[PDB]
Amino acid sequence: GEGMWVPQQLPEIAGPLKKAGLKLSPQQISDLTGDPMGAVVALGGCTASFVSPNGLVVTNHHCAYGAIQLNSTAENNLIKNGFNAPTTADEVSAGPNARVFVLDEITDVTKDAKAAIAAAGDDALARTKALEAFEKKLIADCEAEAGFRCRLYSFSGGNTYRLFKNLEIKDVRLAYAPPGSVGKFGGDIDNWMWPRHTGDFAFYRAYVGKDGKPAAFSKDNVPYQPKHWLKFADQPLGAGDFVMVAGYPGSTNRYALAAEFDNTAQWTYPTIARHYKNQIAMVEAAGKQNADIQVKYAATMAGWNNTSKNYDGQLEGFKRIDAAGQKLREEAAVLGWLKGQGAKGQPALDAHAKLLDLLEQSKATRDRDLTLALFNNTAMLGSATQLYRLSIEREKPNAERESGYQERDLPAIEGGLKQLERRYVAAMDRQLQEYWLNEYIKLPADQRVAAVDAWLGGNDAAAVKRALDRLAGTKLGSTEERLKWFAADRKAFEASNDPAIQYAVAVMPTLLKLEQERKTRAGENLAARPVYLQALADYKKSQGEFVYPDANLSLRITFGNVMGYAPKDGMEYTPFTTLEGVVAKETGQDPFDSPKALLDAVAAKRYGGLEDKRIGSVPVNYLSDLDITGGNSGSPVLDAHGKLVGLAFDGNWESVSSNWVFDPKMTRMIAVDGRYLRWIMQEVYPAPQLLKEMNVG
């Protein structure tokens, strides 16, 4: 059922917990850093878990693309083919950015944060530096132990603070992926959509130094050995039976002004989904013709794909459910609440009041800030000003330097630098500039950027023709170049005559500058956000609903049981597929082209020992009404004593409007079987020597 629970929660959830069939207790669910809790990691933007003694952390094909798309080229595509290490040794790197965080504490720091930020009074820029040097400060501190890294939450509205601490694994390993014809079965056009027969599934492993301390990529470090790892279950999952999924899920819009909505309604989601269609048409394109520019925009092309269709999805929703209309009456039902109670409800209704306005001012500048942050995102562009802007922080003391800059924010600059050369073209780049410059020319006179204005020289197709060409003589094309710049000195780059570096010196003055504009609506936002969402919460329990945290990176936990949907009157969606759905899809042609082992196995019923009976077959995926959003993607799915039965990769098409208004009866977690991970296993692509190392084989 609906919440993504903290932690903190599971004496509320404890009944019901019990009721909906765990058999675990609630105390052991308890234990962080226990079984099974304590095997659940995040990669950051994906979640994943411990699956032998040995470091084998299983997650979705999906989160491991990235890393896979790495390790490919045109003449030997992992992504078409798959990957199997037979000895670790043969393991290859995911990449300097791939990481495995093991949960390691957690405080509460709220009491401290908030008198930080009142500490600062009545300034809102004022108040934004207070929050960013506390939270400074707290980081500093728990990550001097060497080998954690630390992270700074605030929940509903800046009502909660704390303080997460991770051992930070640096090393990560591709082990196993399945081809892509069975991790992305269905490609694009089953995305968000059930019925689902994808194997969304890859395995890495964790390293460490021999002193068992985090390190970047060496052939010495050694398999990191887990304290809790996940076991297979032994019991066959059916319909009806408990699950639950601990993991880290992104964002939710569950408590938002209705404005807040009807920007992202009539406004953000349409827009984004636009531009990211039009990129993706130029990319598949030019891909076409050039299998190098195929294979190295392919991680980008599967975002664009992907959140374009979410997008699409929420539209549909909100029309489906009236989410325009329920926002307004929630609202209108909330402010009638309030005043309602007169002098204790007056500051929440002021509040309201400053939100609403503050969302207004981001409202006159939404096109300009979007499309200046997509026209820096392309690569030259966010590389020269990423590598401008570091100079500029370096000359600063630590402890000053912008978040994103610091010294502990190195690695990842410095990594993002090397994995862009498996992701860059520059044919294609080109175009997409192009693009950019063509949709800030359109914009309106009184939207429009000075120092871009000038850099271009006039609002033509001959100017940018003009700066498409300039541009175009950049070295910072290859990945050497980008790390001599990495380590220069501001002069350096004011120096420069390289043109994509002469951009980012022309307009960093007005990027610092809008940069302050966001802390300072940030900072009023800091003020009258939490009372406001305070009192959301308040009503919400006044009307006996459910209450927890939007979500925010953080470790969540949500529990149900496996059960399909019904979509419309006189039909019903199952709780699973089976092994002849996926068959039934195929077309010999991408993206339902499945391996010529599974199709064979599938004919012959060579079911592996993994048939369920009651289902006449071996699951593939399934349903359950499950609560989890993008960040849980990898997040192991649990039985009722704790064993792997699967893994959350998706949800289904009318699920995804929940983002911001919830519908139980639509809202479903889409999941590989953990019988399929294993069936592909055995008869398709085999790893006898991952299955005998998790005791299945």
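For the two forms, the rigid core is made up of the largest set of C-alpha atoms that agree within 1.5 Å on superposition. Positions refer to the first chain, counted from 1. What changes on going to the form deposited in another entry:
- Note: rigid core superposed between these two forms; among 614, 396, 319, 137, the CA shift is 2 Å or more only at 614.
- Here residue 183 counts as shifted, since its C-alpha moves by at least 2 Å between these two forms after the core is aligned.
- Once both forms are fitted on their rigid core, the CA atom of residue 112 lies less than 2 Å apart between these two forms.
- Superposition of the core reveals a Cα shift of less than 2 Å for residue 659 between these two forms.
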The other form holds:
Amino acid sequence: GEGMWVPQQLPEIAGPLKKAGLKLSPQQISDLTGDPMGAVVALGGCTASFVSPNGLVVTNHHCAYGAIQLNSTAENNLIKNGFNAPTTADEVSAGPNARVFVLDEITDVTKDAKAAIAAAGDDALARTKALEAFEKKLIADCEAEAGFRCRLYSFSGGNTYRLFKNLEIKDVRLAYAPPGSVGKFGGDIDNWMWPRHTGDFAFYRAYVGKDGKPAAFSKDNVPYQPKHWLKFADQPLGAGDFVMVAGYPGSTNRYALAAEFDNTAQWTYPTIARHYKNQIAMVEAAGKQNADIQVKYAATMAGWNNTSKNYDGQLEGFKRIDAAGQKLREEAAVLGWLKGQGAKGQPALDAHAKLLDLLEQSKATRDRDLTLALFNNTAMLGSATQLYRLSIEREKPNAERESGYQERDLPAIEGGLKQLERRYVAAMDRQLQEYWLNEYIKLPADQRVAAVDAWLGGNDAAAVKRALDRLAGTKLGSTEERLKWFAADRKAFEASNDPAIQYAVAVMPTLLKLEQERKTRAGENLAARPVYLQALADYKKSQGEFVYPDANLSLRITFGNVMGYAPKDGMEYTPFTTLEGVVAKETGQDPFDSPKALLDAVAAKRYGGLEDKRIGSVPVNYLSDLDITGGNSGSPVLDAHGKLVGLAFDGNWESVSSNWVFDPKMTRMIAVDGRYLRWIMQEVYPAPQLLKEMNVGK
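Starting from the form deposited in one PDB entry shown above, please give the structure in the form deposited in another entry.
One chain, no partners, no other molecules: that is all that follows.
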């Protein structure tokens, strides 16, 4: 059911865990470096887990997709055919940006963080800067030992701070991927849908140097030896059984003010969806003409289609459950309860009023700020502004540089500058520049930016067309020229005639002022959010309820049971799909073109010892009332005993309004059953040596 629990609080919900069917102790699963949770690793946007003592890792197929594609050629197309490395020497590099993060140490630093913050006083901007300086020093000390990357997380609006130290593994290799018509069966048609029949898995192996320390790719590297790895369930997973997921959910907003919900539902989501559908259409149209565009902008357009449809999907969800009235009523209950407290309820009511004040301030400039951020996020302007800003930060001592522009960030910046070549074509980027400038000049007069108005020299189509002609002269389209600017001094930026640079130099004082205004507001938030969130927690507790923090990229556990749902009277989604359902969907055409070996194996009922008699077949995917969101792709599903029964890979469409509210009736995770992994690797695209490594050989 609902809840993204921090592992440290699982002992306080022993009652619900046990009732749902947990057989390990709460204490055992609260150990973030223990068995099983110490097997869970972060890939940087997806979850994965160790599944052998020789560093084999399992995750979703769409999580490995970049690595599979990276190693594919026209005549050896691994996306379509699959990949298998029968020995560890056959494994292929997932590329210099691939990472496995293994948790080494967690520290609660809440006391020192709150002291660093209090020492700043009444000044909001200085509160933000104190916390920045606190965080930077923490990270720098923690990372002084090579091989580790550290992160500071704020929980519950700044009620709690914890510091995570992770081993940063940098040699990650592909070991297995099923054919793409397994890993992505149903493609975009089945996305967010149940019934689901998708074998969404792939395997990596993690490598380090012979000295046991992380290293970049080298033939001299050997597999990492994890301290904990998951084992396949020996018990067949059935309807009603306990399941739990561990992983790194990104962001939820379950505790937001009602007017914060309203502003999102009424403005943010429709504005963004509209813009993204506009951009999607121009890219789709242009890509039909020019296959270079289509290739290079495909990941980009897919990103847009995702968010755009998630937001149409949340919008729709909000209507179905009347999210607006639900928030207003809940907040009315909380505010009435606080009035009923003393004197001692006042600080939280003042905090509430302040948060509404901050929201009003952000709203006054919201068109200006979004349109300017997205204009500047086009490829050449994003690059020029980012490179000029780095040049400005390089004049400061490293400890004072902005996050994102410190020494420790340089490789990721250099990496981004190269990677841009894979997703940039001038004629397309000009069309996006154009769109955004057209949106800009449509802004009301009080939403404008003086620097941009001066640079344009007017507020009409003619000024737009002049600006595009001016900008077309940039050289920042070559990787080689971007890397020159990466190394360049700010005087060089400020003397340049490159028109993308001159735009950056012209706007940057403005960007810094808007940044400083964001940070002032954030400093106020830092004072008021935690006070309000604590009162929410006390209110919930007075009503008998447990509380969990909104997602914030750190490790969480969610639990529940395997179960379908009923979207209307007279019908039910059943909790499992089966092999024969995969074959009923076959059309012989992408995306419903299963490998022949799969069709043959199902026609023959080669169940390979894996069938569950209760469903009459080998299960494919299953539903459960777990609570996940972006970031949880590739999370292991564990049973009551902490054994692997699945990977998370999606949710139902009704789930996506989850971010704001959690609808217990309808919200379900979709997982791929561990038996289906085993079945594919036995009967369809075989990997007997991996199954042997995981002690599930025939």
